[PDB]
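Colleague: Turn these sequences into a full structure, and let the hints guide you.
Residues per chain are reported as follows:
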Amino acid sequence: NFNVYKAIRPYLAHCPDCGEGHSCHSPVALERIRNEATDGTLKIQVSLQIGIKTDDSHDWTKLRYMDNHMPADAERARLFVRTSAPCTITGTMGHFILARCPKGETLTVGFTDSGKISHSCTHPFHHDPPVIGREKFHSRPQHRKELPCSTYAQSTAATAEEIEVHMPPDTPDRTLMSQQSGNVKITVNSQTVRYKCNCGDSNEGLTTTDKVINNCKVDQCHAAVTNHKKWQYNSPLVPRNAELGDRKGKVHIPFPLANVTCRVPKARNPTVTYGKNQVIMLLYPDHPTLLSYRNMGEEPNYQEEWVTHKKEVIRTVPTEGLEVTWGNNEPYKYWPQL
Amino acid sequence: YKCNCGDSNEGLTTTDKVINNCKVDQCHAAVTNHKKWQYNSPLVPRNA
Amino acid sequence: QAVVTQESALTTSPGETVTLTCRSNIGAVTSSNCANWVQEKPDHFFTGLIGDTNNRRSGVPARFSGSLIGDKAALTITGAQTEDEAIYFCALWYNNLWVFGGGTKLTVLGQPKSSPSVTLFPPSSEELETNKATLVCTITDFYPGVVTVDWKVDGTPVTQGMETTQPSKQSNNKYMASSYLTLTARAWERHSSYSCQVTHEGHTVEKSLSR
Amino acid sequence: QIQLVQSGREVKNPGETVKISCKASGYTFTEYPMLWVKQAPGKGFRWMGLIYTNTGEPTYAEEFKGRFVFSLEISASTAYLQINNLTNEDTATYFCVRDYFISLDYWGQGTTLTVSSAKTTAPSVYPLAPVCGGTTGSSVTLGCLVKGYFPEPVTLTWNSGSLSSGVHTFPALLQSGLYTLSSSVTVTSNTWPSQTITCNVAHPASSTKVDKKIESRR
Amino acid sequence: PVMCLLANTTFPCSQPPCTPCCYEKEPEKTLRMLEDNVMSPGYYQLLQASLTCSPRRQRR
Amino acid sequence: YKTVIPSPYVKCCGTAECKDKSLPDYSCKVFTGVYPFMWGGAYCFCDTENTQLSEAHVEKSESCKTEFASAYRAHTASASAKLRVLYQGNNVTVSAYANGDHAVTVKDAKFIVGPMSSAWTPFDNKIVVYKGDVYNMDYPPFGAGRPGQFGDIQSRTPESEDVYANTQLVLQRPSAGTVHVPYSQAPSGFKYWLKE
Amino acid sequence: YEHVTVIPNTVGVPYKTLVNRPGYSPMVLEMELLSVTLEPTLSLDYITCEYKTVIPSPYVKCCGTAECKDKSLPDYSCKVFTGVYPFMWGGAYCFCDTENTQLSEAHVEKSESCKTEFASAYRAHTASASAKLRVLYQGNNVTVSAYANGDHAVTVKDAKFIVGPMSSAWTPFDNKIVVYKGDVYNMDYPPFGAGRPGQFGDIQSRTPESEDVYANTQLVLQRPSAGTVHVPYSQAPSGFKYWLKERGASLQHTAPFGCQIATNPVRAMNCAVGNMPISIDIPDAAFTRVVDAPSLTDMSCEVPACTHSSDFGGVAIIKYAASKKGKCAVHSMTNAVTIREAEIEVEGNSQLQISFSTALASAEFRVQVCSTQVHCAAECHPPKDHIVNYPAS
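From first to last, the protein sequence lines stand for chains A, B, C, D, E, F and G. Every letter in the first sequence is one number past the one before it in our numbering, and letter 153, counting from 1, is 289. Every letter in the second sequence is one number past the one before it in our numbering, and letter 11, counting from 1, is 13. Every letter in the third sequence is one number past the one before it in our numbering, and letter 96, counting from 1, is 99. Every letter in the fourth sequence is one number past the one before it in our numbering, and letter 10, counting from 1, is 1156. Every letter in the fifth sequence is one number past the one before it in our numbering, and letter 25, counting from 1, is 494. Every letter in the sixth sequence is one number past the one before it in our numbering, and letter 22, counting from 1, is 449. Every letter in the seventh sequence is one number past the one before it in our numbering, and letter 108, counting from 1, is 128.
Source of the hints: derived by calculation from the structure; they are not laboratory data. Hints are not guaranteed to be accurate.
What the hints assert, rightly or not - Listed below are several chain A residues computed to face chain E (Cβ distance under 8 Å; list not exhaustive):
id : residue
1  : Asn137
2  : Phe138
3  : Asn139
4  : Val140
5  : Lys142
6  : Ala143
7  : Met303
8  : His364
9  : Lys365
10 : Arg383
11 : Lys384
12 : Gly385
13 : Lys386
To be verified - List time: in silico DSS-like cross-link candidates among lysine-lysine, alpha-carbon distance up to 30 Å:
id : chain 1 : residue 1 : chain 2 : residue 2
14 : A       : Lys412    : A       : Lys446
15 : F       : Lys446    : A       : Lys365
16 : E       : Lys498    : F       : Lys492
17 : A       : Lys365    : A       : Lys332
18 : D       : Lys1265   : A       : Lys189
19 : A       : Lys239    : F       : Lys487
20 : F       : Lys537    : G       : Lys89
21 : A       : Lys281    : F       : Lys446
22 : A       : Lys239    : F       : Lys429
23 : A       : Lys402    : F       : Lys622
24 : A       : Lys447    : F       : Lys448
25 : G       : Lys347    : G       : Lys36
26 : F       : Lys558    : A       : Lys239
27 : A       : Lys272    : F       : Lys448
28 : F       : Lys534    : G       : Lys91
29 : F       : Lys487    : G       : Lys152
30 : F       : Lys618    : F       : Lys429
31 : F       : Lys429    : F       : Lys534
32 : F       : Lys446    : A       : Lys332
33 : G       : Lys177    : F       : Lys448
34 : F       : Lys558    : F       : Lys492
35 : F       : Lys429    : G       : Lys177
36 : A       : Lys281    : F       : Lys622
37 : A       : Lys321    : A       : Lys272
38 : G       : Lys72     : F       : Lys537
39 : A       : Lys402    : F       : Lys558
Ideal Cβ positions, reconstructed from N, Cα and C, are used throughout, including at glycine.
Modeller: Right, here's the structure in full:
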């Protein structure tokens, strides 16, 4: 079966990324953005049950979120991941979601609600990984060399992941108590109701039924809803076990990384003028392209510079020679022939 | 017939020993030479 | 292997001395050889009528005797009854275990017959919306366990749509299960009543409903 | 007496492993002489070994070691004859045999183990009520059918626990992979459909149990 | 084989003491199991063999 | 390396308890007097006795199976050569272990190849290999690494089980009304010596 | 603080190092290296096994002469003995008259025990520095095993111990080494594939389970068997069998420097040589403040017994007058005297008898009991027996 999403639940989070300056208890809080891969995919774990059915099955177009102390599914089109603009989200399983988002300093994750309540949780996410090779590429190349870089791959099975799915926290909620004429007449409402009554004597008692502490109040009462139903991923927004020890859970975590070979471009060789000890290379790079000149003997002096504009470098022809690696291609050898 | 089971764990016996709830190692009979003597070389197991 | 030409056959009357006179394929097991004529009961209930090859086993009837009979395993179970359906296994004790053979599962004379009471409930409200319609006669006390279900649906015997379930034989000498005219929504609303005709030892009964 | 609390239905896959437990009473697990035994599908008792009380754990047979693995939860008063990682042709009952009372002086309860793996779909319980015309005599057929389920364990009861009398039952047999059977409780006419009477199908995987009402349709 | 034991008796790995059908009925029992076998060797596979829709409440 | 900060132990109605969980960077703190509010209002039922025992440890890199930095203890170097000859007019090739002791018979002609007159190879005393990068770099102590340097999450091997790290785990007192472990941390040495 | 000490690179002499911290009492400690392993770099080129001449059945062309083909094996002996008169056990093997030719073909083959026993011709590389050493410091006899390059630090007992590198270089490897089933024999291997006849290493295994065999065994095919199929073929003996015959004295007996050359992997354990600079970053808790130290003054160290022997055979009833009770660090403040204890519980006006002696008979040595500097002069005795088991103080 592997119904870990049946065991998983939507976990709310008092996140500072809320939108409009006020962070809220939204279910679209991203706990960690595990985006260490050199391919540039960012794999961020969020608070919702995204890519999961509310009926516990695979929701191929539906991802769930914790709405109001219950679950609540929405369509998968409401997911948005904007770093500078809304980048291409690659996949989503449970809390985890991997995406190809643009450059940026803040990452915003919007969950379009069932009533269109697009919870936009923005953290400062400085996603800009350095590109490998002799030139700073911009897009996916037609012709280019395939350097080996790491990337969070699309196998969303929970192999090699151990999500801290502990017991769910003491979910307080103010709707347990009501006014019995202003007195202690709180309905049960079908919950694990820890009842803290501010009346005389025994105002404690964690029942599951109706409570008539007459001569109570709504301020004279407190109701908390107990969760013995699901494991929840132990986010640092989550209030963990102060009323528990370390009796928590560990589950699989999807989207495992892997090493692939990304093709990057290399620019055309410039104009060469081989004069007396001089090599005039008029290269015009179409990207930021690192070019390095080095002596081909004992004293290299291998100075490299990224190139942007039109560059005619009259390099000194070394006696042992010059290795001049301009961009991703093989470096030009100059033996100065007298 | 020293039992390796509970209760009756000993006895230089003279018949079959009935410790039900005793394992294969839960009994242990030691066939001791109480009949004739042996020329006591220490390479033979002597009087310990 | 401790499976001789065992007492595999025993069909007697109530109180009969059930003799598993199993001719041993190797020979007579002893009391230390532990030739015990135990009752390996139905439902995999290992029990000893005679155990340890010279003693009657505990927890059985008092007439049990497990020993050597013939030249092999010998079960003399005195007081074998019709409700005493179990396996006379005359086997050995290897001194490192007791090894029960193939044995003989038997039922005896006794446990008299009875009429099957089939409550014919019709194709219900729960089935009749989603391609189901089961007029099931729940039969209890079909005595003894020889009763067949025949089709009677829509004027013909059903050669497709009748269902005879596994009728569990009771400890009270009957047999009971579900046996119905159980077709689809076309099968339930097409036939006149989901019904099985119970022929119990040649006897007639109707476990049949109407919706 | 030395009697093993038998294993459950170990419905693993071909290569799936599950214990036929033998909660050995009469002694502890270090006091109860468990003989591991496979009540085989064809012949009967194929020995997983004998183990006298002070150990308790059944030392294996000739072929009786291997896929059937003898272990001892000695402080838990039992052993485990694990039907472990077997192929398809090893569906058998895990039982103990009480090595005191000079043969296996009691028997373990046994557990039906079968090698076949499957997904996580739902079970079926649907009530067999009284008839549209009657279906009630001196007793009455209330109860429920356990339908569309698999593997062990899934249980099908009738009469809801007060209806223990008059049980004529079919177990859930795997037709199309779905276990189909029907259990009619011959319950009282004031109990069916006057009182409560019904059957049920259960399995603890999602902690899922269902009852279906045995009552008349009118 | 592997002593999958929920503090009462060591059953096998896919057949523990509530194996199968252990994770979805006792959610606190599943939390104690993912504490015990979450520290133990098999409780990843014991939990996914138990609680992950492949107990006796599943279709397999 | 990463930081395994757990859920926050909200000691409601009473003081917290100091527990030193012996992990790498076992960071524990009891910010007593925390009045955290919940998503359904208040996380603490009473007003005054709520506090946050906030704990975290340091965890290894989950992409350490992919991203590995290897401090090769660079010893002496073994040479190995290939050379072709037009022997009998046949341009044949022979590749030998060119230490001089693994001399290669080829084409009926024994070649004793090596030893090379020089040894100034690109290998240094301590080499660093990072997935394509061979840089002669001075490593930290193997288990005795420094804070925040290139190699602060040090291990004795890449596939190992233990890791020395001094990541500057400054768990500050928590934010107002939100159960959130304000924990200062040093920057990533994998992000540093990878990025630099 | 980080006390830098240099222990003598020889095990068993438990050195004391007096960590003096200002703002604290005198903090003597004891360190001693238990073992020190020298794991050399190995480059296993030649493999040692047993060569066996795989010669086929005798190809008797009865009344016929064939042409022998060069089978590419290790020393493929091809021979066409002309005109054999080969007769069998049931008469004549040839019914023809005289033209029977003996086809004698052979090759070399690695032995089955060559697949088990292989002489490993390790090309010697640098030695791995690693050593296990104990110390009775901080009130604890605690050990640290450290890879002694200098950068394998053990912060054990709260103490950042960093030892390494070693001073010495008397490496238990030679330039070429033979691992022969338990024995490191410092021997120069032959050419890898370019061996000589009769050489120690006549069968050269270029891989350990390799497919090549540098073998020139001098397998010379002799004349044919007289009327019977017998392979006349003379070869040299086992050169590794001669290397089995000349097994040679290993460094387990042949260890210069007193090293313990112990293989699997080829290590040099107990190479007593050099010095070991170990620094110990001690925490603040070892710095116990001298104002909280016991006020031990008015000491008179009465030298009761003087025997300049292998032990620390000085006895010294130091009458002390302690202010409060406490373990005063009774360390040697002298140059020659090894004191047996490290700390003594100076309780009050008590005479602590320290066990301290040195090699010098006329010994005037200083001892500081946690602040107390005192002098003790004795005329220690001569030795009794000429031989002791190891060295001494």
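Colleague: When the structure is checked against the list of hints, which entries are broken? Sort them ascending.
Modeller: Per hint list: 16, 21, 24, 27, 31 and 37 violated.
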